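Participant: Below are the chains, spelled out letter by letter.
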Amino acid sequence: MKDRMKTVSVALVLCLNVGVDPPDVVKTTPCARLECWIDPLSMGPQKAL
Amino acid sequence: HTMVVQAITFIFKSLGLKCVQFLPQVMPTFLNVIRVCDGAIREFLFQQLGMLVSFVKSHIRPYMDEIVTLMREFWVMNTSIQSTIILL
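In order, the protein sequences belong to chains A and B.
Counting from 1, one number per residue, gives the positions in the first sequence under the numbering used here.
Counting from 50, one number per residue, gives the positions in the second sequence under the numbering used here.
Next comes chain A alone, as it looks inside the complex:
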């Protein structure tokens, strides 16, 4: 396997606008807003991100 092309860099682009629900969101009871095993509501809009 002479073709040994590899990944060099990773771009992480996040749009986790904590506290803002787009107008097409259905909410809320079962929302389970757990992201990376984090519940943003316990930290606030900046620390959580």
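Read the hints as simulated data drawn from the structure, not as lab findings.
Possibly wrong hints are sitting among the right ones.
[As the list claims (entries may be wrong)] Pairwise CB distance ranges, derived in the manner of DEER restraints: (1) B:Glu92 - A:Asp24: 54 to 60 Å; (2) B:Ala56 - A:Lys47: 36 to 42 Å; (3) A:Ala32 - B:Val117: 20 to 26 Å; (4) B:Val82 - A:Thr29: 22 to 28 Å; (5) A:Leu12 - B:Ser63: 41 to 47 Å; (6) B:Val82 - A:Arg33: 25 to 31 Å; (7) A:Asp24 - B:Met52: 40 to 46 Å; (8) B:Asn127 - A:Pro22: 42 to 48 Å.
[To be verified] Over the 10 Å line for every Cβ pair with chain A, so calculated as not near, a few chain B residues: (9) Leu66; (10) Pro77; (11) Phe79; (12) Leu80; (13) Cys86; (14) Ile90; (15) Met100; (16) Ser107; (17) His108; (18) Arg110; (19) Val117; (20) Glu122; (21) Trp124; (22) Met126; (23) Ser132; (24) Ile134.
[Unchecked claim] Capping the alpha-carbon separation at 25 Å, the derived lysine to any residue pairs in SDA-like fashion look like this: (25) B:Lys67 - B:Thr78; (26) B:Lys106 - A:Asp21; (27) A:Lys27 - B:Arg110; (28) B:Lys106 - A:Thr29.
Even for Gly, the Cβ is constructed at its ideal location relative to N, Cα and C.
Please build the complex by placing chain B on the supplied structure of chain A, with the hints as guidance.
Facilitator: Positioned in the frame of chain A, the structure of chain B alone reads:
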């Protein structure tokens, strides 16, 4: 009974998904009415419950524990109620 139920269904349809806020007030009574109403109107109530569930979609969750019991108690193999329950 019939006119009140029809009015409630119409209101939910007109409101759209905004109507979810009214479930804690309507469902605890509606189900009890089904439990105690006369058979002459129970079929109508099942048909309207069907439409109500269709309008509120996934938010019906906490009430299924009772809805399934009402569905089972009245499934007496009567062709008419069978068709209504199957659609529900």
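Participant: Checking one constraint from the list: CA of B:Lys67 to CA of B:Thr78, max 25 Å. Satisfied?
Facilitator: Holds, at about 20 Å.
Participant: Over 10 Å from every CB of chain A: does B:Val117 meet that, or does the non-interface label fail?
Facilitator: holds, 19 Å
Participant: Using Cβ atoms and 10 Å as the threshold, tell me whether B:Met126 really stays out of contact range of chain A.
Facilitator: holds, 35 Å
Participant: Take the C-beta atom of B:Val82 and the C-beta atom of A:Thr29, compute their distance, and say whether it sits inside 22 to 28 Å.
Facilitator: holds, 25 Å
Participant: Using the Cβ atoms, figure out if A:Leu12 sits within 41 to 47 Å of B:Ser63.
Facilitator: holds, 44 Å
Participant: Sort out whether A:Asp21 lies within 25 Å of B:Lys106, counting only the CA atoms.
Facilitator: It holds: about 19 Å lies between the C-alpha atoms, which stays within 25 Å.
Participant: Would you assess whether B:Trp124, listed as outside the interface, keeps its beta-carbon beyond 10 Å of every beta-carbon in chain A?
Facilitator: holds, 28 Å
Participant: Look at the Cβ atoms of B:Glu92 and A:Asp24 and judge whether their distance stays inside 54 to 60 Å.
Facilitator: Distance hint for B:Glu92, A:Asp24 is violated at roughly 36 Å.
Participant: Holds or violated: is the Cβ of B:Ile90 farther than 10 Å from all Cβ atoms of chain A?
Facilitator: holds, 31 Å
Participant: B:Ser132 clear of chain A by more than 10 Å, beta carbon to beta carbon?
Facilitator: Given a closest Cβ separation of 31 Å, the condition holds.
Participant: Please verify that the nearest CB of chain A lies beyond 10 Å from B:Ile134's CB.
Facilitator: holds, 26 Å
Participant: So is B:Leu80 really clear of chain A, every C-beta pair being over 10 Å apart?
Facilitator: holds, 19 Å
The structure fails to meet hints 1, 2, 6, 7, 9, 16, 17 and 18 from the earlier list, while all remaining hints are met.
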